[PDB]
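So you can see what is in the structure, the chains are spelled out below.
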Amino acid sequence: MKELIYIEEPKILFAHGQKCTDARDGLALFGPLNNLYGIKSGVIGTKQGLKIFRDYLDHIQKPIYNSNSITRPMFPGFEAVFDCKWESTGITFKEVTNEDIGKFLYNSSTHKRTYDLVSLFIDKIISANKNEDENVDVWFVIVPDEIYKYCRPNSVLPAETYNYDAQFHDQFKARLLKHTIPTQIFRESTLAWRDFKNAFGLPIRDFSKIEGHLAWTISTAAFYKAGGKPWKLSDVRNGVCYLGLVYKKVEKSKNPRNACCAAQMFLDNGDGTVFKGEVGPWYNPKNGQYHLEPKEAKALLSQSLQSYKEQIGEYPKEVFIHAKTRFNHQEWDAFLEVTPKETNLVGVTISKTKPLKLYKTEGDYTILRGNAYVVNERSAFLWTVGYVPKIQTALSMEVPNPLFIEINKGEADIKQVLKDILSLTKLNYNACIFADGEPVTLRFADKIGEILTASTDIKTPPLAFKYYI
Amino acid sequence: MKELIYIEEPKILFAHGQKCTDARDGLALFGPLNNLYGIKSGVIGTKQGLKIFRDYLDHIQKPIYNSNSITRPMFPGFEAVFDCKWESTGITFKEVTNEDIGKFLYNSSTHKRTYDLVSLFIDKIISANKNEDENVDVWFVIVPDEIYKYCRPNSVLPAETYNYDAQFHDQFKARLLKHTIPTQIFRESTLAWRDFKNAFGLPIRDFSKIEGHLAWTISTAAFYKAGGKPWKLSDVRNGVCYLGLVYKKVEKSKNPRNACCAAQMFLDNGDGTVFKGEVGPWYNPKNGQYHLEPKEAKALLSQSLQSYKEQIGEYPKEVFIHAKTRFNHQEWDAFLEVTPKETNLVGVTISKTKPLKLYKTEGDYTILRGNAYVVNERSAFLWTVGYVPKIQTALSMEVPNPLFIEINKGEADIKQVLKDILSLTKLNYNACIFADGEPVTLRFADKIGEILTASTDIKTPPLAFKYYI
Amino acid sequence: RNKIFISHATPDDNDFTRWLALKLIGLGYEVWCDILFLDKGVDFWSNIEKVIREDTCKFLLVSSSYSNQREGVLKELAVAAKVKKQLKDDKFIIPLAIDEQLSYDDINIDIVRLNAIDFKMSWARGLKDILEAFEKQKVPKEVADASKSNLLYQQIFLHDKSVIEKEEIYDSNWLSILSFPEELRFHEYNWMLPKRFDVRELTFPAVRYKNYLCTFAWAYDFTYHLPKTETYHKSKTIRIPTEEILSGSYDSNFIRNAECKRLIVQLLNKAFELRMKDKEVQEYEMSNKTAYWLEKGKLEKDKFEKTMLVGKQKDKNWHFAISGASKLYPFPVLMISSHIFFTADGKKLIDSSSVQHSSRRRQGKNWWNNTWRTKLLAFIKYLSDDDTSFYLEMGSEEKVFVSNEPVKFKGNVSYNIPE
Amino acid sequence: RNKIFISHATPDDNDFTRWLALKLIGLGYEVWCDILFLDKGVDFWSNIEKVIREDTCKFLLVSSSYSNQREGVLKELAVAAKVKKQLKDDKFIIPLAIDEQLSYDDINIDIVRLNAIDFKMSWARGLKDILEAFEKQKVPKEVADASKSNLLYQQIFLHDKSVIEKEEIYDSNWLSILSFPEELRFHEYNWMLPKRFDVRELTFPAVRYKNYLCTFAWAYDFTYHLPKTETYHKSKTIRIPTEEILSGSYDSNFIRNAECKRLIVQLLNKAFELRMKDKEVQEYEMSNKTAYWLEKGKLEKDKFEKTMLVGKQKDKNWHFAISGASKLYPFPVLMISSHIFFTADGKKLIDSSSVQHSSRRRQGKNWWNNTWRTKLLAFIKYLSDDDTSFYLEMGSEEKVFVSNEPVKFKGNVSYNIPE
DNA sequence: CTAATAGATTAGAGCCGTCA
RNA sequence: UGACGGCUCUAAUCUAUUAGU
DNA sequence: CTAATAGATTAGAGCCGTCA
RNA sequence: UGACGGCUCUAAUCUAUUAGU
Ligand SMILES: [Mg+2]
Ligand SMILES: [Mg+2]
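Protein chains in written order, with the authors' numbering: chain F, 1 to 158, 197 to 507; chain B, 1 to 158, 197 to 507; chain E, 2 to 420; chain A, 2 to 420.
Each hint should be verified, as a subset may be incorrect.
Claimed, not checked - Below, a list of computed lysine-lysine pairs in the DSSO-like style, where the Cα atoms sit at most 27 Å apart:
1. F:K497 <-> F:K130
2. B:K216 <-> F:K124
3. B:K497 <-> F:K124
As the list claims (entries may be wrong) - Beta-carbon label-pair distances, calculated as ranges:
4. F:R275 <-> B:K124: 26 to 34 Å
5. B:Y65 <-> A:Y105: 55 to 63 Å
6. B:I70 <-> A:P141: 47 to 55 Å
These are calculated hints, taken from the structure and not from any lab test. Even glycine gets a Cβ: it sits at the ideal position worked out from N, Cα and C.
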């Protein structure tokens, strides 16, 4: 018979200084913080894709209702919510002849055809950006289904270009990094899910009751890529910097050369929120070792600290380095050597593979969202996925697992660490959802790790998150 | 006795398909072709510069009245004219400390100090374009007057730094070509003209009675640089692409040598004007030889023909080569070897050297703008500057010089060439005036050449004009 | 006056009406509507008439397919018409068309000649038009404050959406270990046992460590597999107490806490495996671990304590399975997880990973918390021996006991489970 | 009754209707139309009828492919016809055609006998037509603004202002060459003259070419500087008539038709230099050319035929100067380039480029066409020889005649000079 | 240096469901 | 790849020991 | 190859008015 | 460099010819 405590909802701040507990309700009731004036879109593909996007734009201009108004909130329209226009009149279109796709998707070698298709798209995108007098803000790519199906790594068709990954999306985003052009990719099947069926007369994907969620997600992503700030956290205390580190492998190389990437978040002294990836891919030649060499660790910490100093004016009073792996002693010593005097260094590990579930005996509904179990002074079990009283439903289907949060190195309070980890999960901009199972700092970094790994020619990659998600 | 023939003016095509002869009234009545939603302005400079910029942006909202309405039309407000928003609320500031500006302009060497100032100004722009989340349409640089007077070719104060021309504007626009960022440069005196004075209690530059023209010029510049098209030519004959070549000397690069740059215009499918440059200097080792070797000439014709073929799909019916030099047999024999049989090459020369003048008898005003004197089948005088009855005044003082048009190569009608050269003078987007004194193909090519030859070699430079002027 | 009436089709037009009411309140407009308030009862019609006649300045009617030809809506329309006639106000009733299906041809007679504000295309345009019309007609208003709208949202939208300070009881998958032997053993067989005898084949758990064998069994135990065992002195056995090595208070150059704890965990795992093998239960080989499952018909009518464990799905049989892991953190436990496996008829397995995974995904859609809890508890209670325990044989006389009831957790905050 | 009604087809002609309404409102009229003035919550038919009947001075109809055959447009037309009959105003309904696809033989039957205004060519032309009609019909204009509405009115009426057909006579700065010497000659001095005699310093114009000297003078001329010339056979010469030289005819191995039209040009330039040296005219050395100007007071009170050539500007005196260049394209002419030079005391120039440039720029502000023309004509008339001709000396007897009046050009297009 | 035996870490893939 | 969740099948590495070094 | 005499072309820099 | 125009000063180059190379 142990004891559990409760952790309250984070508050996400909205326009006019009013607060809420759900992003959707705040967006649909008040409006965003900044006011973008307009969005100009660029469509690339066949005439079918252009018609698909035009129809989808015309459709999303009016309110769409879901199955349940309480389970999933409504969509009162793109312009009625975001106070900006994104319609099918400012579209700038670039065609790709179907013979080009046919002449390219016959080589039967995934690397060569992936490179060829990525080139066939990016060359036209870059040429349109370079040699045209218009102003395109967000570039939408309608990827054909037959192109998508066979560009997976472990998929089969029923040297110079080998220094690249075997995925269309990764390499396509990778070779556009040095030209600074925001990009959004839509599957052809996703936008028009009705016309694509199987040998049963029914859509492969049923979006009948969940068009509101789809509209929310796409509108939020398009707004964020266009330079909008929808919502910000409420009570982030001054002087705290969160820095997540994610490790990755590399597809082809003389050695495994495990790569390290980082992501950063803190307060901007202007009552805002700075959330940017501080990433210059660091390398470890040793096989299987997920600890950086002392020089790499010194470089990473120095870069992060210098970025914080330039952004604000002084060093941070507290640094929580979130990582999914434990740290060894030498890496922590190297972190300590480049550390200022009045700077507390904390190493926290978040893990998921820990077999433990809790069952409610009386009802058939899962556990509360904000509960927490404190094993000791240096570890705890935190719940984030489950039933929320506001949305009257569970975030997952089965009995969810909690997260194991461990204060591996340094001295910190477990309740405060849990509170911060819970509050960090309301700032996922790639989708518009109530809550997630993983904090954003260790999530967005992952995406960076899977973009600037597909190619090796990038030097000084961009930092803003509008070119990676 | 000799006779003078007259040609009427080729009016342009404003909104709603309306046409007018003067740009000011054409915009004031019908508005621009494309409709922007609003202009977000980013400002780089000091605090005083930001304050002055906000004051001017506030001032240009209300109507501004000129001294004489007949000569110069009024300014009725930016929103009423261009149907878009430009207010002092989307202004984004990046501070450059006066300490850095003062300390950088102390080396007493024009090259080193110009290099330092350019690097300081462009590093912040590159960082704010690659790392931050906001959107910037046009970057307005506000340089203090104390650095403009010292960043000149022959200027005296009262390391890869010697490879660039000692001018701030040219190098600044040349170094940002690979990042594709529009820029508009202001002197602190241009905006706050009343505050800057002389020994007497009067400003150096008096805008009291020409304030409306200043407002119109800055408004149209900001409208174009934000991605707007203020107007276009009414009539362009089909199948005909017009060129313009300019030679520029590459000062102090291992030898005295020279290069060539081009610009082109044609009418594409959809009644649109493709007004774009032709980039890539073509050199020749001989000094003072304002000509091209055959190898470079074949490349130029091939590139122009392929550029037209890509957009139109047909080889041009007629090609015109406006230039201010004279062709020889070697390079014209280099031509016509890649020219299609269904193509006619006319090499036309425009110059303002031969000193002819006409005075009206018993009068006070000068000759009209449309008059032309045809000496032979291959020579003409055209008065591109003169009195305009519509504005009840002349475009210049004293007596303007006539413009010499000489068909140096090819067979064509003198009337048609004169009409085309007169029509190519209504495309001054950088200004809001009745017409320009020289064809835009021979001026925008010079503007390109002044920029491309003030830096090191750069591969595949941008072809749009908003990144240069 | 100073109040604006809103009427709709309760509860068909909750979305637009509630959005408009919250928006208008956020701009400083006093808005009176039905669904906005919570308290109701018999005295709900006299207030309507009194408010309409006394302190109502503008009447907005949400005309949709449902709201048209509605008795209450038509009564409100008649009262509004009477008030408009009395007040000599030409513009008192304003239609708001929010339904695309509702054509202007089949509208009610009471509103057929009136200029309607359209909301079908874009709701922001209609909101702007309403604001402009109110401004032109000089409708009284206060200063724009979104705080009132936020307060109304917090106190009306989330009335029965708060959290309940109610104690509760939680079942888990953590089974506590009750009993341990007294000492651990490192029998010293100096080149006495075969070099490659494969000690993981003995009838009792054992781990090799240097020239020593580690087991909880007796010194002369498992002598059937090792005939050359009797001629051995007792003094050559290093005995280590279990309490200190579980507490971490035994550091030696012979062995440290880490390796001894590792050996204890390994012994527990092997004992669990052997004991479950004794129960005569079928085995399943996963990617890294191993699971245990019952046949079909092994129990009485495929049930145990009114809880089914084996069932029929389409042309196959589905079997519930549990997997255990011996772990010592934070307190000695045997963590339990659940799985589902599929067989052709309940006796023979189907050799296809994709079929098994797809079948499990299909089956797990409709199962909820109670189903998993009941199945897990039932299968745990199946294993226990006499009243509350389940023993693993670690030697001739040594036993390790695991409780059959999982560890409970007590919490103080819960919800009201509102269907 | 001071409101103008506009009838259109909503929403097919919203753009033109809004444009015309905004233009008319800016002019000062009171305009009533659908989209601009659409009250919300009011009976629109009764309001429209009241507006048409009680306060309506004009009925502007918009006729196009959309507004044709429309119920509301037709009803408004009928009510406007009734109002016109009740008011006895034959110019009450004004059709405005804005569609190029609407033929004149398919118009509404109610506007066939009415004078429409064509907006096809340009909305400005039609706007001025309707404003002229309103001014003729005395439409009440509510002028409530000064210096803004009047400036709006003055802005238009000027874009349509154009040129008028009238022949005009222009002067020029080209002096036509009247005649040439018959023969040009190449005197053969077989290494007789000194190798570096610097032939350009003698009295007559001559140019070296191979072993020959080219000049218009006779064989025994310029013997004062070359005494060893008499002993020279006169048959050792090559004569080519100049008329065929200035015809693109002569070509030979001795000299090509090209070097010809350069030697003649050089000789003409040298002759002009010598002639202007002989006239006692002071000289100035520019960057590339040489200019000639008159001293102060050498004319009678610094005036020649009611035109002044030397004047006063603060602490400087300004002098008109000319420079000459002989050209053969298209026909033999002398080009004269104007300059203004500045002197301190009227006799000495200033050896400073900056002050000369600044003074010239200051002087160039006040002059107009008449000043420049009169000054050039007066200068050329002073340089005249007898009545209309002026000769350049090429030798003992040969001379080149040039007129003293510039070539007159004639044109067919001019302007009314609207002060 | 390699090859068996266990624990305790980590990272790559691919598959199904989201409502009633 | 518009999201998120939960699964199954695979690979390095560290520690401990033994035997081939 | 160097240096003078010309014609005939070409490119750069530097400065002032724009109204009454 | 917010535009435009008009002037002023310098410096290559090509062509013809002449003399030492
Ligand atoms: Mg994305
Ligand atoms: Mg410019």
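Evaluation of the provided hints:
1. F:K497 <-> F:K130: Holds, at roughly 21 Å.
2. B:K216 <-> F:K124: holds (17 Å)
3. B:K497 <-> F:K124: At roughly 17 Å apart (the allowed maximum being 27 Å), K124 (chain F) and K497 (chain B) satisfy the hint.
4. F:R275 <-> B:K124: 26 to 34 Å: At roughly 30 Å between Cβ atoms, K124 (chain B) and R275 (chain F) fall inside 26 to 34 Å, so the hint holds.
5. B:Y65 <-> A:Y105: 55 to 63 Å: Since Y65 (chain B) and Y105 (chain A) have Cβ atoms about 43 Å apart, the given range 55 to 63 Å is violated.
6. B:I70 <-> A:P141: 47 to 55 Å: At 28 Å between Cβs, range violated.
In the structure shown, a violation is registered for the earlier hints numbered 5, 6, in ascending order.
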